[PDB]
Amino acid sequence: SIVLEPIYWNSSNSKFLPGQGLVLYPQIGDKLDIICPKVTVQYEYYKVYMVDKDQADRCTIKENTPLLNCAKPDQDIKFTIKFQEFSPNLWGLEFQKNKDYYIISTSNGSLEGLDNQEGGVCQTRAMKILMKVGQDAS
């Protein structure tokens, strides 16, 4: 229960259906792990943010802070999201049933373009995650 099965943020992840990213239907109480594993020893540099539908579609980024600053190739980077309406923590994310939340990255994937604010990996590999909190799948 609750533990939702980690979601490796890495182009090789088949779950990122190219052109439509990966869609999820997490419910309240559900826990989720976005992971950026190490290396083996080619590492994909990313700066993962959570954004509104606007920025989600037509991949652009803007005070818009990374949940994952995948830039440490020797160790694992990870953000465990807790799908709760009311957060026991003040600096902790909160959700609401029947709302969508989007997580994208506009990085080239390479260290070179880790700060790209436009398109990037998202636009290409379609590394976006749409979470339809408390909703089924048509």
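Numbering follows the first chain given and starts at 1. Shifts are known only where both forms have a C-alpha. In this text, the rigid core denotes the largest set of C-alpha atoms whose superposition between the two forms falls within 1.5 Å. Compared with the form deposited in another entry:
- Among the residues 87, 110, 80, 69, the single one whose Cα moves by at least 2 Å between these two forms, once the core is superposed, is 87.
- 85-93 is the sole run of three or more consecutive shared residues whose C-alphas all shift by 2 Å or more between these two forms after the rigid core is superposed.
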Second form
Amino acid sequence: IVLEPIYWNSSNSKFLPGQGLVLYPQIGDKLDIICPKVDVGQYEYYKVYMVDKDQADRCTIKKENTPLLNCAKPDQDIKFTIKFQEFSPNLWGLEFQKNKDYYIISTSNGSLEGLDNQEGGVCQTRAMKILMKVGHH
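Following the display of the form deposited in one PDB entry, present the structure of the form deposited in another entry.
Keep in mind that what follows is only the chain, not its partners or any molecules around it.
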């Protein structure tokens, strides 16, 4: 199934203040995460990362991490598409398996000047985090 796309922007009510955005994707499903271009409010800048549970809990990213989204193009929708499977164009050995939890956060603050902030940010202040409880329910 193609899951409903997730809009990575601070207006999204699906980022619940306590727990962030929780979903239960199944193996074989697909999901887009999109940083919308500026059109109501001004552009929100983010680096978005897949991280481990501790990093999600602590709202921290490590130098070793590579973004899954680099939202820094105000006039362009930027999309990341995931299929929940073993293969991908990812070169780091990252994949998806049933009964495992995966975490996506940003410690950016939304401003251009805070794009590369490594701690806190919207992960902390707005619960802009995604928990993917793959193959669960």
